[PDB]
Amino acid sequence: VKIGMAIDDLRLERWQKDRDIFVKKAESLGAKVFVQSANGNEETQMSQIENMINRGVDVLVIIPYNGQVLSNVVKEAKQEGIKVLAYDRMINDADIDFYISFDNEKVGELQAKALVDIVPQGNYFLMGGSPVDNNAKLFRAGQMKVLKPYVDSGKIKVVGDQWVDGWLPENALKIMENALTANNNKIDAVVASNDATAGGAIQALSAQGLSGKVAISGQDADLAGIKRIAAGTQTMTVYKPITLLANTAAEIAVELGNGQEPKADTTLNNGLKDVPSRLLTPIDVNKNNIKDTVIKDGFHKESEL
């Protein structure tokens, strides 16, 4: 099986790990893998995807820089018998065959559940990600799925709700201060949607003497986040292991290559058809399993703590 992997931007860290694990596990299953990176350019990617079509690849694995502008090239690909897998980011209005990601709703669920676990009753503030990010909305859907019975029953009172423009920690800091002020510091838990915005909120909390006293959620397992968790100022974070994503992506790719039908958790609709999807299960990281998750994995080294 020949695989063409067209990564939107390798000039950063975000995908260099996905690439190697994917490769090694792909070859391991007996396939050739050709990789190109678009250096964050939409037109380099088009060029590259086309290059892979013209090389006679059996499977295209695309991480789209922009997944709205790929309908014609994907169609072109299907006309040649090539299978298309959307890696991590959905390709919209296109005739793709499969999509692999972490389950973002479950990310939101883990966030809210770790919080109701220690603060079952009290005042909650909701801190979304970018209000124009659909992932932000998926995290919020999972959060509210957990909170709903607590809210409807009066056990939890939502005292604020804001979306952090651009996921900027400085925006989150100002949102937190605003919230604390409007509530006279009476806030028991902050459902923050990532480690970076949580960090900013935590600075506002610290400045009021409230750090370690207010439950707060996160995501990504940033080093700074991991430390806060160890120190007691952050409650938890959500870890999304690259190995798991990249390995499963390779197994799906080979599968697609051998004309097989890989097992899907669900079906997401991209505005053309329903795309079979594996939405991996994200990992709850708290003070008691930091070593058995993010250290054990090599995501962070013990000596960094």
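Only the largest set of C-alpha atoms that superpose within 1.5 Å between the two forms is called the rigid core. Residue numbers count along the first chain shown, from 1. Compared with the form deposited in another entry:
Comparing the forms between the two forms, the C-alpha position of residue 16 differs by 2 angstroms or more, with the core used for superposition. Core-superposed comparison between the two forms: the CA of residue 90 exceeds or equals a 2 Å shift.
Two rigid parts account for the change between the two forms, and C-alpha superpositions put the rotation of the smaller relative to the larger at 32 degrees.
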Contents of the next structure:
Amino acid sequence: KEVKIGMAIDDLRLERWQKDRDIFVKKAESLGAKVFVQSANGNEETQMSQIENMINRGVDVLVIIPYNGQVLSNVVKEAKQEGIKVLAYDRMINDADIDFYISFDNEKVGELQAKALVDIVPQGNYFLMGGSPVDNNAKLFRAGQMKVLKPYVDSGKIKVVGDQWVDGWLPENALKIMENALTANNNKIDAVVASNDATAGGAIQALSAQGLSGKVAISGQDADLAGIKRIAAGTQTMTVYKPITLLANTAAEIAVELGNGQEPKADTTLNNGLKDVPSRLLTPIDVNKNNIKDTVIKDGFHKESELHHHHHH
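Moving on from the form deposited in one PDB entry, please list the structure of the form deposited in another entry.
Here we give the lone chain, stripped of any partners or molecules.
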């Protein structure tokens, strides 16, 4: 049985997404499946059209990384009435009749970011820099972050001096937000709770412009090559490493199982507003100055030859 798989993704701007695409496809093809991948360029109407096109071409399974997780209910109904199975990849699709969800433990990611900051800045002014306002995961990171932060806020040790979501998870948007926040607070910010590496990068540039980079604690996520370099350089505090290989291989297995009418095993269910979605959650890894070698280098996520490769000479 050749399963046909349509993979509908948000974009390829964050370093991880090319690896999610490449590992997923390779494994799906190794499992005998045929895969068609499309990117929305972060446009919800492009994403709907692409999904609808996949449905019309007769895929057995849709695998979707939603740009906006709240506007896909109808297109999921279109899939279901044709007997197509739907896997939400990395980000929950809300209020939709989907069959399965796979991701990391996203609340835990948030906890790790906040904890690494309170360890070194237990008193001060905190700014909360979330991700895309239409990415369910952004809310999960925020929840995790505040689970750690709330006792400190309550006791008066920590003051939250600002919170903004970063549209599209875009470094440019993150730079501007940090620039304004710095202006509004007279550069009186001690820690930045950035929700991923790409946004941390923008923030770091605005912090540098005020002579504050290396002095303000700042969290992250994804262990992008550039993030690892920032961490080693002392300008980024930490990142949260999530082994893409594990997510993508497991997602490909689940997709093929779904395509054959099999029911994949779940760790738990998560309610998306419509139903309790069977779901699997992988373990994220705290990464800093002192465990780069033992995590990303050892796993081959970023080999030392990649870390040392000259890009411009």
